[PDB]
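Only one chain is shown below, in structure tokens, and it's the form solved without 1,2,3,4,5,6-hexahydroxy-cyclohexane (INS).
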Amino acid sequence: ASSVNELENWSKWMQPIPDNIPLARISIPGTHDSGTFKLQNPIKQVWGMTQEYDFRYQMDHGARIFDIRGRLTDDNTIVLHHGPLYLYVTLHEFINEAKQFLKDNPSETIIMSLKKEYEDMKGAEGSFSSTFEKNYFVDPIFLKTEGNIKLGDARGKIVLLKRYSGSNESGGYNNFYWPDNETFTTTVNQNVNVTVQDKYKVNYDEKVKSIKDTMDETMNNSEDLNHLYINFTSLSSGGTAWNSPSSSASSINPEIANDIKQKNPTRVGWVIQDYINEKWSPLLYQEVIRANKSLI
């Protein structure tokens, strides 16, 4: 019926996990600034590229959480950005890829974090929130219930994680105070405690210690079913080939992945990383998925 090796199927790893487990309890791999994979200009890459492959590659590699950053256009649409850089990717584009993946692998669910990355273009009829809700969120693909969302209810749908203000529709995880460049704790959906490590602009050593500290707390609080842990291993670019997100990820990802591999924990949280690929081993996202062995 259900075996541990089932977690090895990167395209259906959530299948063996019971329907009653809250998404917050599952250890889920995610991608930081998910839509930056089409950047080609060397200068744009060194400063703003965080992924080498598209959404489907990311999903087929086990990623279930996507960090989508968008901008409202004068044509009532949302396109992806990284700062002032247009990424040649649209919100409709992401949703469509998620839909196809969910169709092929109905046992899974896609968690979509959405944040306003750049000021709306002048001439928009509505706001960032109103436009997203009216032209995108109305789609049945989006889960409309909240609370401590369970896997069973999320399968086959996209679970929204709001990082924008002004929301008016229900569904997914509500928006909450997200202080800049810090590790913090607060609540979400009234009955869910949330801890986030998002120090994106600290020195290398401080970042690694912060990742390990938050992961240590997660590994030791494995039965807390209503606590959500979001751990970003990504670091902002230094502008050179030695401190770009690519270089930072090449050293941080294997380091953290090795921690998990050696400890063999039962929970490591929602681990959001830069550059999901199969170059540097151990591979972080795979170890994160394997940490769900006790849920089976």
Given for the second form:
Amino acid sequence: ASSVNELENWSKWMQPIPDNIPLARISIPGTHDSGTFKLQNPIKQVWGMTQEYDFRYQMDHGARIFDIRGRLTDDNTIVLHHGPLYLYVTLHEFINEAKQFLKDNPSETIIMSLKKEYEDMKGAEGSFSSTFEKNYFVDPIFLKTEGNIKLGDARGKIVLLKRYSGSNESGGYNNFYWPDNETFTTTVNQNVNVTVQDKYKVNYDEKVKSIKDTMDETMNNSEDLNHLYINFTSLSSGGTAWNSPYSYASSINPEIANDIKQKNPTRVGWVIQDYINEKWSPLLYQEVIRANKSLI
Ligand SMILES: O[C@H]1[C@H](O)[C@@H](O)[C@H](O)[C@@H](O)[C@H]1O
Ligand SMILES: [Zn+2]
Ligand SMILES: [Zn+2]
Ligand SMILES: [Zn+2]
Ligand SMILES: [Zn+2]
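Next up, the form deposited with 1,2,3,4,5,6-hexahydroxy-cyclohexane (INS) bound in place of the form solved without 1,2,3,4,5,6-hexahydroxy-cyclohexane (INS)?
All chains and molecules follow, beginning with the one already shown.
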């Protein structure tokens, strides 16, 4: 029993999508620097804040991909950071929130990108990868298989997207060379072609066109089941009120959301945005989710 309207329940939108559809094919909203929502100091915010609400709000609003940046501590734990700044959020904090969300909504899956954001603290008994694997990944909540991961196998679990080196355990999407500030194409789990638009520090106009260009490619290659498209709409801070991630998101989110609304495509990729909220219309994450209508 699956209807297109079930995509409108932002907490269970993946439910109507078939088990055999690769996550790569699905158009999924994601949040950039997901754990920066606790930053209070205006100076820290203008430079590194990318979200206003916590993880559950993000999830309840359709986001299923999270950009987690961590640092290994002397306590053999991983805490979230933005460069040298501790975000007052921990990795366990995110996983627990994800666990709760998945328990409440078992039809969904959570894709967690994990990147080492800052140098390890002195005193850790191991490495970033060995500590994450031993104290976190062992948890049954993490999918342990790879390949072109299908939705059915991911439901109720966290799917890892590695952005760190040294992994020694199978599961999720393998780490791959990720060039700096570019739109690039490469491969991951042997059979998945990946294209990423991550020009995080280009001028505003270059960024908008970059997002649209990669989305245009995605919309016209909608039947490529083993191709993964990740499109970051986020743009790094200029350090001022008129060029902070917030100011940029205020215009980019509605702009790109309108592109999808007008075009009404069957695929737009994994769209990772800053500031998921309901302040700007059309809502990007909603339009991204609605782009899965043809899969039902
Ligand atoms: O500041 C940037 C931005 O967060 C990009 O999205 C990420 O891919 C880069 O690694 C980071 O340096
Ligand atoms: Zn929290
Ligand atoms: Zn300590
Ligand atoms: Zn392809
Ligand atoms: Zn809301």
